[PDB]
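Below you'll find only one chain, the form solved without the ligand, shown as structure tokens.
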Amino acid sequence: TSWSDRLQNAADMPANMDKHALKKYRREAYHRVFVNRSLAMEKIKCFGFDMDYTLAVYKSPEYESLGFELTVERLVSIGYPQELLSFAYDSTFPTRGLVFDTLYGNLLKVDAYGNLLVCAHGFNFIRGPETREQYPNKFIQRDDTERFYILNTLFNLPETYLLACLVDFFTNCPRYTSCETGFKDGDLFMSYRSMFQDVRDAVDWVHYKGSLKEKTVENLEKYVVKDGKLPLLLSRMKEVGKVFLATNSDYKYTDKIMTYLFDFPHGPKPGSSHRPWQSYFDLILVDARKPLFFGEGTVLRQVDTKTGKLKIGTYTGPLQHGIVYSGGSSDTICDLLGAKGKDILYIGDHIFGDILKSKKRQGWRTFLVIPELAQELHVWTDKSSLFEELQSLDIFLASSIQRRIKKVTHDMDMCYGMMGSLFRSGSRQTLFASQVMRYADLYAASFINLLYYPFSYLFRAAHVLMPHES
């Protein structure tokens, strides 16, 4: 049972809009919207969306497996060894938000301060004392972006696993000699950095120049979660405010995915006429180039929706019905919708490019979609006894207790996968968790959970007090 299985099971259910039914449903963690900072829904005038892994959640592990297979085939085609073809995607290995250290070839799980929680070289998990050789302070400087790459999106799951496969492969293949910073093969030296760059390039290529999109769209039911409640929520949002799309995807791909997401024999609710996906949006913007979008952005262009090509020139005209924009900036949205940042709730899955950047650069309100939460919630509740035990031990310690703490931490983490929870390793929160709390005003397993709250709901979070104020 993957997180997408959970999401699809919930997507299959019709909306019961009886107000008591709604209250009961949203009390379940699965259908709840979680609150980091208080947000009065009555003050939101514009609801903005990302598409991929927000509106269009790709099914797991099928979509990751497809990306993996095509990325491997691209690497082989440029001259990586044939043994790569014997790799098979394994969903139990990668957790999102890991850091690849391009100097030493390690996947790292870190906290908000760059402290090492987990270090794997290939499939070898390096324990504390051994990590000190390469990380003397068990710490990385994560903003050293030339060295460290943070694998922040669900698109990075395939390459997270592939990096580990490759390091494992070269390390154990007697054709190659392992060095500190890569592999020697006679007169050829392959650094972990140049290897990482090849993987990154092959991933981009598969999405942009390869067959991934074509294979996705030829079997959308296999690859994409679909939910009859989506037009209902969007139509309700449009009753109290404006609705926009701002996506990095191009027009042709957006049109294919979005058509599928609305492809039901009805519109907002069963019995109503179907309407085109475009009719649910006051403003549609593609090729957004987030996060650059939230600063200078790019030249505002107009899509010719008939051909899917951009019209020649900068678009200087007004917002008109049926127009589709390309590029621009977040200011385009504010100016055309008559909005200020705090009137906007932007809904996306990219913790950096969607959420942190719109928050820091523009003061937008933020809603983070975390698709894996759909299944992490199940583990969290099902294994609560292990977390509680750890919480009791930590308090008792403040030795056989220290070893017990390490053992319980391991058992708890393994319930999530080999790289543990997205949100923690034992009692230590990850960088990703800390960024969620600081930048996402609201978060949930799905944006659909907004449907279960009334129009002027006040999302509440307790005030933060300093230690001396307590």
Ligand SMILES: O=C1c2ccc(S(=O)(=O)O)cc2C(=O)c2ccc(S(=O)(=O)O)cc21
Second form
Number of protein chains: 4
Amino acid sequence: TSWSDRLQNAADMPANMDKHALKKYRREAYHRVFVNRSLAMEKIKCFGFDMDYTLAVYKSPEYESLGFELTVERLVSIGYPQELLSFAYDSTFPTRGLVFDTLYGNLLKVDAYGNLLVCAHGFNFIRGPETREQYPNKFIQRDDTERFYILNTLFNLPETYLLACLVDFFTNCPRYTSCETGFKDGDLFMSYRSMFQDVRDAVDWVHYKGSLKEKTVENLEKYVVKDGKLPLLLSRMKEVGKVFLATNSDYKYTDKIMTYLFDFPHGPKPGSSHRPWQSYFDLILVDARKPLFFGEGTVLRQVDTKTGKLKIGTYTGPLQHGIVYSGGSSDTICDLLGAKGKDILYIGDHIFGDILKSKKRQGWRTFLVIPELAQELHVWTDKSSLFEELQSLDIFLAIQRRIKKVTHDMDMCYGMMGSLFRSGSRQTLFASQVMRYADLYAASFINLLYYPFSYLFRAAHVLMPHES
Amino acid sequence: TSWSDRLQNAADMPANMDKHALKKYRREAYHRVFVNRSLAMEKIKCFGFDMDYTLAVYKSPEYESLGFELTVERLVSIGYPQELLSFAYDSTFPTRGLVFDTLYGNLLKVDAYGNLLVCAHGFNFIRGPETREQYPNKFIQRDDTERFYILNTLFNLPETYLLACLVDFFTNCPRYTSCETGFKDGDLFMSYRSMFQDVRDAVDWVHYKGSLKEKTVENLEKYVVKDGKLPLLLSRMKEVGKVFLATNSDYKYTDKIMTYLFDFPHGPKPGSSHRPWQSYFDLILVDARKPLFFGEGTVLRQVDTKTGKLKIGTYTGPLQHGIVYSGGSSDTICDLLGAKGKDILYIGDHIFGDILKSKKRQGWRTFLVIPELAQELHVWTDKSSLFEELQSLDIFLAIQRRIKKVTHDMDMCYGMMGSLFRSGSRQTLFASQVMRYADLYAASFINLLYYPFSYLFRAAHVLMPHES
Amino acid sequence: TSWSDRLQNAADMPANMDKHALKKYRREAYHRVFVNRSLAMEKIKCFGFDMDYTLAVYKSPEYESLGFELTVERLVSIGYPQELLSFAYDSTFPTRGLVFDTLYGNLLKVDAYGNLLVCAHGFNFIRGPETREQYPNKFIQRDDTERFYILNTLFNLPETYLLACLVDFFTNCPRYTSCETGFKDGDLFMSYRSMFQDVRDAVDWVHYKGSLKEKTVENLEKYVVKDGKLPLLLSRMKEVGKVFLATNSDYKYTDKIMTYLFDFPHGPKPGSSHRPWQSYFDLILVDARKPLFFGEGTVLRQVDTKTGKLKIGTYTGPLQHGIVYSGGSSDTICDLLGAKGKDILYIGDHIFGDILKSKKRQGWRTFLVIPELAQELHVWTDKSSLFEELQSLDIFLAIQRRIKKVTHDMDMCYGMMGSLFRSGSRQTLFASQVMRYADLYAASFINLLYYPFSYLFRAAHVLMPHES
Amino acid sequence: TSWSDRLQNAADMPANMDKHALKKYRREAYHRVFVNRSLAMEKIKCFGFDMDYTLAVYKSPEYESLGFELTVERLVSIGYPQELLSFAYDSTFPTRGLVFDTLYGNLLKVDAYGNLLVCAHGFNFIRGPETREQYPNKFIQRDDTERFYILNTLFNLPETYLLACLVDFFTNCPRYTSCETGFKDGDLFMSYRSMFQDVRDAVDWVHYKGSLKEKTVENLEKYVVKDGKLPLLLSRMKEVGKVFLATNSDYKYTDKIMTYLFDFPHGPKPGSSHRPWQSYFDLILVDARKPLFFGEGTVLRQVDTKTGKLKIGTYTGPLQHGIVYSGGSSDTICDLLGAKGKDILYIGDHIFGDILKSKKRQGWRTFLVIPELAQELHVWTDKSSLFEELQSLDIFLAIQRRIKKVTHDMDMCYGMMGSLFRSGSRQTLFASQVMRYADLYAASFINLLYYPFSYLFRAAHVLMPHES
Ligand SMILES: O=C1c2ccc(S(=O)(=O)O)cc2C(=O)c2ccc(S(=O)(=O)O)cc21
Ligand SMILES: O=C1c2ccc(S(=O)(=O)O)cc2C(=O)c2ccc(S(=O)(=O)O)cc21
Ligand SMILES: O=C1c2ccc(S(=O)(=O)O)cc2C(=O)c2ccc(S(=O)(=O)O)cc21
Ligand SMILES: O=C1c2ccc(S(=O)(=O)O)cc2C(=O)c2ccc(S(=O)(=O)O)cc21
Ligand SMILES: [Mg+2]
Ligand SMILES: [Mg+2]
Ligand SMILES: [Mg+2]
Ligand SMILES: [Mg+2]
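Given the form solved without the ligand, state the structure of the form solved in complex with the ligand.
The next block holds the full complex; its first chain is the one shown before.
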């Protein structure tokens, strides 16, 4: 009973649209929208969406195994050793947002300042003192993107596990010899860095040229959460403003997935005519290339919706009923929807390209979807007085072992790599970017349905130490 | 009665080093050290210092007029119109940390997300609606450093006022014609951008080639706060660890200033032999070139202390009693003092080059000195129930004019450009970087003297919305 | 009767290895090696080869049609209009080395200084005065590689013709409207630049992912010149030094092509055992990535010759009998063959990546293969007294129309875009790079067979004006 | 009897403007204009000039000692050892155009392909075999500008000698220890690279901030060649076209120098009113910043000619009688003089910034002034049958020691570093750029006076090997 089970449970009940019962629904935390900076929904004019892991939520672990298997295969297919084929995806290992150190082949879970919180090498969890040999100040320069990778998104889950599998594998294959920075095999030396590259290449490959999409769209129920309430909310959004899709995915794939998400024997609400997915949007934009989308963008194109091929040249015309865009930029959406940024709420799951960049570069309002938040919330309250015990032991410091021990037992409930948002008392870089960049966040955007359209989402004013 | 008056008042009383009276001293807020992230002083091994506006605090407005006058002069000297000479520095105008928009020649005071809080053009304070013509989403892309300048440090005070003077001047000189982006004068067009460049050039000029230093060191009492307690604290620091100076200033100037700061008829405490300033440091480094200092650095050199000229070539020897370094990097200091970063507390006033970069790039502990914090703290409590009234009006929103009105009356107490750390209920980008990068901060580092050496500076653990 | 006909004619006669008959063979110009800077063959220790259009010479126009057809198809396949399919490759149009101006969609044939010699738009040959509207100083900045493309190699022949086809097509399709910089079609605007990109993408596509290789290797006799003398020369080279292959092509393709080039019922000379192509080389290197190969290179890999896949990691071992390399750099070849540069003769057809860069970056000796030189040499002597007449009319200038007229009649004999090496009296950029970078050059490297191994290739010493 | 003696000899005779006597004057080689590519003077519309070492030719060795002395002094002044003061400039050492290798501290004289022709370390002339330890292929990558410097211009003469002085000095001072790449002195290591930087800094310093200009303009007759014929030629140029000055020098200095060049008790010809230097130009542009001038340029400014200070802002007006420009670009000159490039003849002495870049980037016609060409031409004919003997010994190679010997005796006549344009039979990189970029060249532009205005300067058409 993972987190996509929770979402497909929530998904399976029709909304009681009675006002009283909505207020009580969104009392339970799995259904709350959480506020980081106040936001007056009255003033949002356009709602805009990402697709993958936002509107279309890939069932777990099923989808991650598929990615993993396909990547394992690709790699064996280009000459990595047969033993990889015997690997099998373990959803209890990877937590999202870890940084992969390509110098020493460690997975690292870090705070906002790049302080080490957990360091794993293969599957050996390197303890405090022993990490000082490689990180003498228990810290990593987060900005050194040549060395540190950071696996931010749920697509990175398979690779997160895979990297740990490969490191452990070679550490323990007597054919290879460990070195500080990689493995020797006679006359061939494979550094963790180039190893890591190979994994990245292979994951891209299964996405853009291999069989992930193809295997996905032929078993949508296996891999993709479907929720009656989705058409309802979008329809409700379009009643008070403008609704738009801007997604990195291409049109053809976007079409297969969205069709499915709307495939119900009715429209927004039981008993109404089914209308096609496109009718739910005032502007549809694909091949977005976020985060570049939030800067110079790319040349604006028109999609020929029959073929699914792009028309030839640069689209210079206006927003017409039926048109579909490819590329362009976030200004395209602004000009065309006659919106300036704080007018818009952009809803997506990518902490960097969907959230951080639209806020920083454009002044857009932000809603971050976090799937795991479903499971993480069961664990947070199931185990609440374990945490409250940790809060107590820190406060009594006015014995250190019992801290590090309790912390461990806590993190363990979450997975081998702990909560998404913290390691014991200390918050992760990911938690830290949620609070800082995501104005609102939830386990799923569908949680918006439970708030009235005029709702005022309200966060407490921050005070500086010297102001208290 | 400004803020350097407060510091020279505090400076003028000898420390009562009785333990009880120290605890009570640092109760009053002007003397508190404020904590943003917990820090156990027991574990700091090296204390390191900036000089300008840290150890040597330039008396205000005297020092700022001097800078301003010298810059005004330089500019008239390269052909700017005589009328500039009649300008005169106004300490009630500029607040530090404003961003100068070189496209439209506005001073802008912004929050962490680059939202407009105050916008001034020349001296005309552009109100809400009218700012939308130029900033249609009431926001600026903070990362667009080609366009936006940001005047971060107390050295920037003179230029902050100067830029407003120049814009207002030309707006109203009938010889020139206003344009969106600058001024026409017959066949010459001077954009705000190139205007701004000229000001920057001229300020650098008076610092590196003009008479600022020379006029300063010949009237140190006029321009530089001197405090008996300084030698005392450094001496106390050296008793429990290592003490180091790493400053952007060159040696000669560093020597004149530091000599003065130690010029008392005694040592660390009344009745003891006066020892020279260098004896207070285990490592002295000049020509630091921060923030580059916190990256690749520059080639490490040795200062010939007789001449004050650099020796020829790259210093490869060890830390020797008496040696003075030039350039190098922050690793130089780490290797040589046998320190890893969290061991160190670096104390300085530059929010970017001293604080943000040492934390981000090196994992160094940080103490930010903020002079204005002295005055800003009188105003914060003198006017406390005005603010508490603002907190009330926001909360009653569950009438808008009364918000914007009260906000105004509040900010006005601070200056024309308001508090350093906020504009009414909303925090500035500067406030936001203090909390995020500066582990400790105070009106002056001397506030450290009032805490025991084993003190545990303690900040409350952050919780995410969904965790509460 | 083109130029690959000439080579397959020369190819089809066995070498008379009698010394007297060799001296007389290489008297006729099609068989000469031409010298630009003296070179003592006695001192060359390693001969090194490119493959495509060097050792393996693609029959013309057959190969070019194939490329063209495949590219035309690709483009229609991504949405370019059906009419392209009716195009058909015209070998009498393109001359190699033209520059494509992506601003205005012209093919330009230029001298070393980028002076215009011929300018064609679609198929309209823009005359003198009319070119001044777009090139007011009859010149182009050759270094402006963002704007100017330059189609240098015989692979570029199909695209050279294709670009002219497309420009002419749209100029004259009433569905589109000409503009200075591209074509409007309702709301879509396709600039020549982006048009040009599409063509480039499509040519790469048929090479790396489409069916060019696949269609080629299944009809080698159709597409690839085979010459008994090739194994003979290589064998003769290996008798006096070291022989190496360093090619951009991957191993699999390199294997199919080279096998074929050596597919004869005998070895180097009629009656001897056939030996496999690899035995002819002391070092075999593929995936060369020239010209980067002549700088930092890429990571050195080993080819697993059974699979044709790369082994995993970086090859650190020595040169072993049987080994095949991938990537690396030109230093790899130097270290491993124990050669410094002037020791080596590198033989290839790419004026930039094979010749200019190895000379400039490494001090390697150079032999440039130029296929067209076969046909161009028939034309040069067939029409010799036309040229000698042009030389006369220039000299009598001490009437202008007769110059421009004779020039035309001359260039026409070569093709629509004239000789490779000149336009009337004036030399091309290509000619100019041959003389400057290619130490020796010939219609084919096989011309080396006709010179003794100790031969001294001898060019006249240059004198400066003031020295004569 | 150097080369500036020759020019001041030529300078001192008034021109016999009789047509017959002009034709005979320009028969003698010191007075010839040499042609690299034909040029019809009938078609030049604007003549444009550099100043330093073009119109104003600094007397040698006097000027070079001054530069050298001033640089030596600067360096001792920043801490280089006293012994430098005892150095003294030796005009028989440096030849222009040498490359300084900052890795190993060698002066290198190279051909166009960067082949070594002479290599000196300090003053030790490293012979053939011994150079192979450091340059194993007797070659340098010319494009590696991080390592190789190249001292191109007559201003570089002092530094050329200075670098050799310093290297020799430290090689032989027992206080220092030689290393491959620099010198150790206890704990200080000074690499040749950083040494070289120091020299460069110091030369810039004496030019922009030290006393070179100031000492120069107070003894113009000592340092600057003055020639009656100069006003005559410019006046003659202005009669048939447009005349312009575009110089890197600032206005004030440009004014002192040009005033002097025109300081005669008459105008263009004895007996006419003296007119001021500015009247000789249709466009005057200073602070040119060549070669950037030949690209994006800089912002166009107007000079206030009373003060010599720049007016404030960007000049947008038209070409007005009396106006003086600062910065801008080469398009400024083109637009304003209504010229496209081949219309213009630009006359200057900088092989890169004056000649190579205007030709390559703009299609401008070029005249290169080469002062040394005066002396080099005495030596070329004084010693003609020594060279003709070298030509003979090369040809008889169909004994090697006698080549290298004769070469030596030849080069020696020129200086320690040989002719500017060759080392024995082999041409320098400098010679090679003259022929390739400089359409015309002469010992001085005054040689133009001896050609009629309609003259056709005529170079022989180049033929490729295979065309002969
Ligand atoms: O450059 C980044 C990037 C840089 C730094 C971080 S972070 O330190 O975790 O905030 C995070 C990121 C990213 O998450 C990311 C995602 C996608 C791209 S893309 O290739 O331009 O599309 C670039 C990036
Ligand atoms: O590049 C910056 C800089 C960039 C961005 C900001 S900030 O947005 O206010 O944090 C702030 C800054 C700075 O405060 C600053 C201070 C000194 C230099 S220097 O010329 O490299 O020494 C660069 C900088
Ligand atoms: O950058 C160039 C290039 C630049 C300039 C010229 S040229 O002006 O004709 O000499 C010619 C060229 C080339 O011919 C060429 C061929 C292949 C590459 S690659 O993409 O790096 O492999 C780059 C280049
Ligand atoms: O970048 C160069 C440069 C590069 C290469 C050569 S060359 O190899 O001798 O042709 C020569 C040169 C130069 O002669 C030169 C002169 C002045 C400048 S400046 O600092 O931009 O003004 C740059 C340069
Ligand atoms: Mg997403
Ligand atoms: Mg400071
Ligand atoms: Mg080739
Ligand atoms: Mg010059």
